Structures are given as structure tokens and as C-alpha cells.
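Just the one chain here, the form solved without this ligand, laid out as C-alpha cells.
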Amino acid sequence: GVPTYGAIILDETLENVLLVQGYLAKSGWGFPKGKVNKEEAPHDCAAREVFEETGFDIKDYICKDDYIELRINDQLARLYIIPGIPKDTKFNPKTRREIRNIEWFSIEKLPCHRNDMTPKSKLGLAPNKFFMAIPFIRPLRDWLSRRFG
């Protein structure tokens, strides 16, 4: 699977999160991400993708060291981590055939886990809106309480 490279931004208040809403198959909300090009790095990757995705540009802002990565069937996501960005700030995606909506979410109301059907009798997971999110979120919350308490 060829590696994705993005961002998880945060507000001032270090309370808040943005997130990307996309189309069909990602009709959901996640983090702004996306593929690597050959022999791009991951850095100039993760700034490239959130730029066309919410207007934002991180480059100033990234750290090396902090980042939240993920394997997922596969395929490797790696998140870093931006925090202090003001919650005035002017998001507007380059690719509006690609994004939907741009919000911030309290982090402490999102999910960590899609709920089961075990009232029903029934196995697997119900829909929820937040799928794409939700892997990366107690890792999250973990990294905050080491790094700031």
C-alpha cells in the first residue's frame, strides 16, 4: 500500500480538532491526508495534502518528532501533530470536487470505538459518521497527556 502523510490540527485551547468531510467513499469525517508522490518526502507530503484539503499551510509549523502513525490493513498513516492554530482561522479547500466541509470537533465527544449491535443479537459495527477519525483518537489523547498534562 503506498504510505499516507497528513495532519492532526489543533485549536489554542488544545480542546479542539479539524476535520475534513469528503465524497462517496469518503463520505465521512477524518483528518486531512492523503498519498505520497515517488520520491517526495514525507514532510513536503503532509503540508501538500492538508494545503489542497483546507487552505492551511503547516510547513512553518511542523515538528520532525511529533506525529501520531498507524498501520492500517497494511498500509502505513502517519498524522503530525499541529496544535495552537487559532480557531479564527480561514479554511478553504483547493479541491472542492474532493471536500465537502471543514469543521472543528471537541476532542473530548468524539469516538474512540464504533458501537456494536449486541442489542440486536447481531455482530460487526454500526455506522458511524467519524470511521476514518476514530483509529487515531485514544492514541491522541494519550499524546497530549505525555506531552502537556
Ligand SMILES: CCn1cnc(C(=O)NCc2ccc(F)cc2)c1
Second form
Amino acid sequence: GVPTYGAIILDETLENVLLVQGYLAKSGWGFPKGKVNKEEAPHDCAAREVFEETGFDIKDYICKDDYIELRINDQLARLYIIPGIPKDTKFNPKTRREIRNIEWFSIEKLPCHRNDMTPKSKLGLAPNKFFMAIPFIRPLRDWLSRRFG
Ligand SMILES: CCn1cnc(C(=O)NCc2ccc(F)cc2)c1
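The structure above corresponds to the form solved without this ligand; please provide the structure of the form deposited with this ligand bound.
Zooming out: every chain and molecule, the one shown earlier first.
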């Protein structure tokens, strides 16, 4: 697949992250992000995807080195970490045909792994509406420790 870029936006306490919920195949919650255009810089793709999905402009806050990148089934997803955005900020998508909802979620209440089905003697993972966000939660928790303490 083609690389995706986006943001992990945090509030002022650093307790909460901003997630978006899509429709149909993208019906769960995740960080706002999307596919790079041809010849587009990562930081510009991130700013654009976040603006389209949330109405918030991260251009003046992105730090070029502050991101978490994961290759997930051979698809790179890089999310720039944007701390300190006020929780009263009013978010409104441009592409409202693709975004159902936009909400803050507590980091400490988000899972950092999905639960198994071992009490059912069944292999695999139970469905989780935070599936897309989950792989970033531990690395974010470790980046926040290392940056802020
Ligand atoms: C099981 C696969 N799946 C479920 N939900 C997603 C998902 O990415 N939701 C968040 C989102 C981000 C951006 C966007 F434009 C629309 C939705 C992926």
C-alpha cells in the first residue's frame, strides 16, 4: 500500500487523544490520517488529511521530528504528535460524507492490545472499535514519558 500520514493530537493535560470514526469499512475509531498524494511532503499530507477529517489546522504546530511511524502489514503510517490542543476546540470535518464522529478519548482508558478469546477457547482477537488506534498507544505512552516525563 501507499504511505498514510496524520496526527496524534493531545489536549493540554496530555491525558486525551483526538480520534475520528468513519463509515462502512472505516466504521471504527482511529487517528485522523490518510493516503499521501504523488510528490506531496509527509508534513503536508498530515496537515491536509487532518484538516479534511477534523477541520483543525496543524500546520503551525507540527514538529518535523515529533512523530510515531509504524509499518503495519507493509503499509507505513506516520502520525505527527501534536500536544496541547485545547479540549474546547471545535472540530468539524470538510469531508462529512466520510467522518461520522470526532471525539476525545482518555489514553489510560484506551487499550494498547486487543483482548483474546481464551475464555471461549477460540483463536484470534475479539472485535474492537479502537483497532486502528491501538498500535500507537504503547509507543505514544513511551514517547510521552521520554519527551515530558
Ligand atoms: C477495520 C478497519 N477500520 C475500521 N475503522 C477504520 C478507520 O480507519 N477508522 C478511522 C478513520 C480515519 C480516517 C477516516 F477518514 C475515516 C475513518 C478502519
